[PDB]
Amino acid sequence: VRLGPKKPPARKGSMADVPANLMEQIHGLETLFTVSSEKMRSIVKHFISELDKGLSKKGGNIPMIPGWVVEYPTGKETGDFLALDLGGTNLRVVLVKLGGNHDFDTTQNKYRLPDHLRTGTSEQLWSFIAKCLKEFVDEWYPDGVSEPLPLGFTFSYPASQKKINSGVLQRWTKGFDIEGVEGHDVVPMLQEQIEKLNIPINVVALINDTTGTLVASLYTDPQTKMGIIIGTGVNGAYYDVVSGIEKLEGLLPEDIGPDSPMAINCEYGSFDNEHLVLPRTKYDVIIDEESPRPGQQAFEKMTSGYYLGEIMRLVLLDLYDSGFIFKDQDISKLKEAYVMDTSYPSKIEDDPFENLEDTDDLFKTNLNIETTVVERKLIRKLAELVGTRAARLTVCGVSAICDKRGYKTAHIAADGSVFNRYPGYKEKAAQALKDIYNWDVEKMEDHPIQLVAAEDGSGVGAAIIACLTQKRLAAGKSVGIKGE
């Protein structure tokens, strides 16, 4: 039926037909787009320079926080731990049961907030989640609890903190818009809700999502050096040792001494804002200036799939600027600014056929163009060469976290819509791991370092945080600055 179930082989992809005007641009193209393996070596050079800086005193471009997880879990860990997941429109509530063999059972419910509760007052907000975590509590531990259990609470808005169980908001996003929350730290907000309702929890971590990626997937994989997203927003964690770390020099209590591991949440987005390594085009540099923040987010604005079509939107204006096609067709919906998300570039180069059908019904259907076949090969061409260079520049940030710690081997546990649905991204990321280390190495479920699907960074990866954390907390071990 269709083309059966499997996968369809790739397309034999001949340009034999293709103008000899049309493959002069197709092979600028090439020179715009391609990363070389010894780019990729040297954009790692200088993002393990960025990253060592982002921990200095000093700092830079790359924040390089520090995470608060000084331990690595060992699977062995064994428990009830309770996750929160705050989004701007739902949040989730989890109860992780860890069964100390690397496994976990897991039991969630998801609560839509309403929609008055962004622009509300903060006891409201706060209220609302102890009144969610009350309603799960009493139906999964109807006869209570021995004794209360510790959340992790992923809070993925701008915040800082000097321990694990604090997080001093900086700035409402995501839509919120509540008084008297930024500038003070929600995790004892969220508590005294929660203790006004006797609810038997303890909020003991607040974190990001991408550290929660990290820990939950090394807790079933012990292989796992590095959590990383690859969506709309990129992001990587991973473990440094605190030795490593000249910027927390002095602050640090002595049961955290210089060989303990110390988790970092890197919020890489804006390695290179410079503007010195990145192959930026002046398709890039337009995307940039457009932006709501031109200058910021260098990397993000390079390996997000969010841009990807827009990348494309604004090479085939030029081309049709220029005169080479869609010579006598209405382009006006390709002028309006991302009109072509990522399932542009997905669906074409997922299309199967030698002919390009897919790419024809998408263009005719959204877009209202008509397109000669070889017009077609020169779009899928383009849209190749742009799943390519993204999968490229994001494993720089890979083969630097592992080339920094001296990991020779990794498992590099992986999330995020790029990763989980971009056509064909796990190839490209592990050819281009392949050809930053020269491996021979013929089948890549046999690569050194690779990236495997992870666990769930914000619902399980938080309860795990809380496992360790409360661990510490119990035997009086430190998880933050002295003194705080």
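The term rigid core refers to the maximal set of C-alpha atoms that superpose within 1.5 Å between the two forms. Numbering follows the first chain given and starts at 1. First, how it differs from the form deposited in another entry.
- With the rigid core aligned between these two forms, the listed residues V374, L248, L117, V285 include just one Cα displaced by at least 2 Å, namely that of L117.
- Shown in the overlay between these two forms, fitted on the rigid core, is a CA shift at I178 of 2 Å or greater.
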The other form holds:
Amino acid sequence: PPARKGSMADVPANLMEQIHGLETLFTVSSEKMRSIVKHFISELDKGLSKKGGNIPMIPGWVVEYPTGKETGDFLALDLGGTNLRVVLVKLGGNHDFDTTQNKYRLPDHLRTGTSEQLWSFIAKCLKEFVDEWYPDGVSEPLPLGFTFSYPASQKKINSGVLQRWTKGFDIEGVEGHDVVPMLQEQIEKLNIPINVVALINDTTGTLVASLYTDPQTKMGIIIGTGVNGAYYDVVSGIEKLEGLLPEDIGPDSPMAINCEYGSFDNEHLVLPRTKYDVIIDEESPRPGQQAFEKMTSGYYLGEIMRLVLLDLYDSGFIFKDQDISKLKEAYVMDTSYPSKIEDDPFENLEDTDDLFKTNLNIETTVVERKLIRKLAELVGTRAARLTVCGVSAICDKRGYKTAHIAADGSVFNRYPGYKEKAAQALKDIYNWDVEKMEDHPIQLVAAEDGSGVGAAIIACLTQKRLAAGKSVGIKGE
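Beyond the form deposited in one PDB entry, can we have the form deposited in another entry?
What comes next is one chain alone, with no partners or other molecules.
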């Protein structure tokens, strides 16, 4: 399925010029990337300081590396917006594992229910799952990792004080409380031999699961509709935890960090924001916030194009004597749009013509379509290039010359040519003298299941610590 020649020899000078103007706006220089990486490390350090920063840099309370020799049965719970997964993970102690999965739909009414309703429903699903796979009981309570990818703060791993709800949830009573004991007493009432040892964020889980199978993993990243990264740091580097750690957690113990860097540069000092980005920010549900995410997330790529085109329409360059109505409404163009445009294998760009005609009732000319394809390539390329800046920041802060980056999320998994973009971008930073992307010192690999397999391995490492009498949080709970 080859790439198109993409000739521009028929494009009128007036558009040819507007295209050049857009390349000026959406190109990120090798040196411009290096300046953002420089400031990124500074903001990473600040997040780990006593003062506080804009990147939260939340400790995940995983204090060991998975050796790959861990064995046993462990449960994982993944709570999404619309449904939960229950995963039984069998660790075979050879960088291998076996999974058994159920998925239960959340009744749409539970999103607005109470505390009791939500937790008892999870409990019922859990009992039902356990009675199927352990119909004769267990010799020992099964440890469970709980993926709760929500704004929460942990003073210890078996805890999760919820700051605020997200993704359409609106349950009262839970906001401002530790959610683990609320789940636990619901598990206990149905007399289920499981035990909630750990509550994690999916990115921490992406880091830990991938490290279990791939010993060269130094970072777990998510590029989807949301954006996040997680890496192992050192305790002696975390200034905000000084004098709060117990004696058994030494200065040379590694600490897993849930960065939550989607908020990098909310101050707007480094990131090359265009007037199109500024409108997206000002019209967002939460203006002034999530600056790095809006620049990198896949959710916004289609919206950028919409405004760019709309701006060119007003200047009378494109879609002359056409019905623009549908292009006027916000977020009508999702990620699928630039996705499909970049995939278009034809010179006349017929897939793009079929898209705009069928979905948006706009009839395009070949030259307009060629401009549209250039737009999508640029927008996609900028995103990938601004993303790797975070990979480079974390690798430079910790002194990783060689790294495997575990990657997940719709944009990494499905956005056309994204891996080739990201690789070329990393090459543009470090200036590697290598011909093949396979031989790159730092590269992106497909992550293992973070919210399932990941939460289980964390349950393993925590049960390992609790059984021996080791600490898993700050002193005095």
